[PDB]
Amino acid sequence: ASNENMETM
Amino acid sequence: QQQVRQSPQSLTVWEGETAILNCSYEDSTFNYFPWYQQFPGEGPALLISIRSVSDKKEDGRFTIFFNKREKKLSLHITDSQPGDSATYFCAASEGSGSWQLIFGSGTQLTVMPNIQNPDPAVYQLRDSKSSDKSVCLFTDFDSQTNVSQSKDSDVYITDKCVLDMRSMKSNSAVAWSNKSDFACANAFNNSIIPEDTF
Amino acid sequence: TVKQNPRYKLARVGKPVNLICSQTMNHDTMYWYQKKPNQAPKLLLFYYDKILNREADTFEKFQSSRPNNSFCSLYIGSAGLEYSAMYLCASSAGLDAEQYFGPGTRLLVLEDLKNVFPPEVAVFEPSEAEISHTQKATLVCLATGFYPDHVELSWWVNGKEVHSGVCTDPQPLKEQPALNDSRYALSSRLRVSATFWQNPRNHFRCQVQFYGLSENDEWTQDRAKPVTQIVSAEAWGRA
Amino acid sequence: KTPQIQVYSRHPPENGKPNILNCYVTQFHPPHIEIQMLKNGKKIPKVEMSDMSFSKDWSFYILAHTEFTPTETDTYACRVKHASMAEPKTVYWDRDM
Amino acid sequence: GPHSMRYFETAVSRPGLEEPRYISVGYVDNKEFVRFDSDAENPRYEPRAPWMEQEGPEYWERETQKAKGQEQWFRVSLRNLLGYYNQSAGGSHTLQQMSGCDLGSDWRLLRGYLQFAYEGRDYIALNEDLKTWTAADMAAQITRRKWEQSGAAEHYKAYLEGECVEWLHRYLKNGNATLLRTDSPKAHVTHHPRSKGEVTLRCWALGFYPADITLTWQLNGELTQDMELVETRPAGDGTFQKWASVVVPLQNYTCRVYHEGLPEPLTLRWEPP
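Chains as they are written, first to last, in the deposited numbering: chain C, 1 to 9; chain D, 1 to 32, 39 to 62, 66 to 69, 75 to 182, 185 to 214; chain E, 3 to 31, 39 to 61, 66 to 73, 75 to 83, 85 to 254; chain B, 3 to 99; chain A, 1 to 222, 224 to 251, 255 to 277.
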């Protein structure tokens, strides 16, 4: 299963 | 810059007249231009918006005249009502990022209402306790005359306030002081209409 | 449509602040803006569903939390004098859609809470000469000795809040302008019919909502804690 | 990054027996690239292209293949157009490589 | 056994377009199993492996919703990077991501991966410890400072150790007949004469799975830079090809083939018939 990133760059 | 700059800082116009609220932007890539209206003690609400495709947006009285060749916006309010007295903000957002709205400082609009029958008079108002306080009220005066602060730390005088009453409008000012033997005639710091006491 | 409670927030320097915002529109995106006096509202941060974005010049000063999509909060820790501004919260269905703003939370940060005081509300009965000259009766309200500028005035007639024939000053007067940390004074007007004031069963109340200290706020003074309280003054009609 | 091209057949080349001609393009950025497979200097219309993929060194890679019958007289090539290159690189098919 | 799950993400900006192209490619043991593409008629996580058909609609809908959020994460991050480098609004920009883990021995977790790229070059990467970040430039240091305060690394470590390991175990069980499949290479030496009295012996290797192979030439013992080599190329039917050649005088030389599909390493010479 894929991962959802936290805070943006 | 972006910037966004708006002109003027504060605009005052009489009831029934046309109010013009100018705006200027630097970034040419700006496409969406919304206009927000906020009343004292209330957040900004979406009034009317305009896109880069069109150059005119009509919604009864409120109209935006967009000019791409001069990078400027203008909000026209035909037949100005006293209920329009609010702070007007203008935002702008480009293509790639529509979430980032670059707002302007804002224009504080003040619509002076038309006083049909002026009856200026100073009234003595007593407290509903034990008491011993007394408040002076200067009411039913025209929008033209002004009230001063009465250069004294002990005497407190408020600015003009217009009521509605549903049945149809009057301007009012409140004057009070903790000082013993303070008469309601004492408003001799600013010029008023000759009328009316006891 | 977009809730923001309280309307006014007070905090001491070095103490953490958490401003809460909520929406019933089931929106994916919720924004946070900073509004300085007579300055353009600048975007601080936003929350798209789960994803958080902070501005390169804003971060290190502001933090953000989201318990669920219906809520959104702005965190400050520690608080300073430069943080004293109006905090607006926006809401949008999509990332590239129309934004709906909340009423805003006015934040004021002070070095010490020693000068914080609740208001003294007093109602003034209409003048007998006013009922004789004109066929109207004006009731004057007076909120005095309150600090800070955090007040909400509302007129209540027969248990219901009345907006028609009501006028409150845009900014309260400083009781002692010659010195800093001075208490404010706000006045209001309620104009009703002469026959309406003549009725003895008609009730008139001037409610003033004050925003001061809370549960987390520390108080070490002998004087009573100036908590977020409601101060009212009532008056009945006479013929 | 300049794209690296390799022209080869799926199965060992044999005159008469049908085969599949591959054009493995590697080590390029941005991912936008134009690949044309040639037969005697003329472009092949039916060219099956694989979906966009990249390697551990962030470089993108793509494989283009067409149905072909090898002959000793016919010449095969692969023309590649990319932003990193001024002139398109044309690599000719060799059965010995 | 060396097993690994990877997610290769890409975000390409279009000239003037409000929405960029987002592609997420999933891999299990270096072979593709899942793929998402924003360009498609109906953007959904589509199965790319035959064993992936076992999953119901619950798995596909959950992954598509994850991709929709990631599609917007990459959109904002790409615009934030334009502000960092102070670049023009209109242009072609690429944001890449590599995330996943290696199992090791046996089904326990060996190494964690989380890397980011901009314009093809490295930007920010999560270290071996899975707690610190390596910034390639000063623009990446701002991203590092942002992620250090918010504690982004703490949640990325939770995926690589938890969900990434847990889901890879399931994919190895569901897909076993085609995943643990090994194909032995077909090896042969060709003759190519040259001028100056030299000849090139080309050691071929065709039809092998996985792509990992070692081809070396020997002069009784060890020939390093003088030996010609080409990159491992796919045939098209899920198998690979590769060759190694060496310039020798007008001769009996040894080629060594190393592959997991074959039990004993292949040692071969040239004919002629």
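Treat each hint with caution, since some may be false.
[Said to hold, decoys possible] Under the rule of at most 27 Å between Cα atoms (straight-line distance), these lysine-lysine pairs were calculated in the DSS-like manner:
id: 1; chain 1: E; residue 1: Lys59; chain 2: A; residue 2: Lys146
id: 2; chain 1: D; residue 1: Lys165; chain 2: E; residue 2: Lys45
id: 3; chain 1: E; residue 1: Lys59; chain 2: A; residue 2: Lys31
id: 4; chain 1: D; residue 1: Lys195; chain 2: D; residue 2: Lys147
id: 5; chain 1: E; residue 1: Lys59; chain 2: E; residue 2: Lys5
id: 6; chain 1: A; residue 1: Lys31; chain 2: E; residue 2: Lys75
id: 7; chain 1: E; residue 1: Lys51; chain 2: D; residue 2: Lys86
id: 8; chain 1: B; residue 1: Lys19; chain 2: B; residue 2: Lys58
id: 9; chain 1: D; residue 1: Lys82; chain 2: D; residue 2: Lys66
id: 10; chain 1: A; residue 1: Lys31; chain 2: B; residue 2: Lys3
id: 11; chain 1: D; residue 1: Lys86; chain 2: E; residue 2: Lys45
id: 12; chain 1: E; residue 1: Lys129; chain 2: E; residue 2: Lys17
No lab work stands behind these hints, which were simulated from the structure alone.
* Could you tell me which of the hints above the structure violates, numbers in ascending order? => The structure breaks hints 2, 3, 6, 8; every other hint is satisfied.
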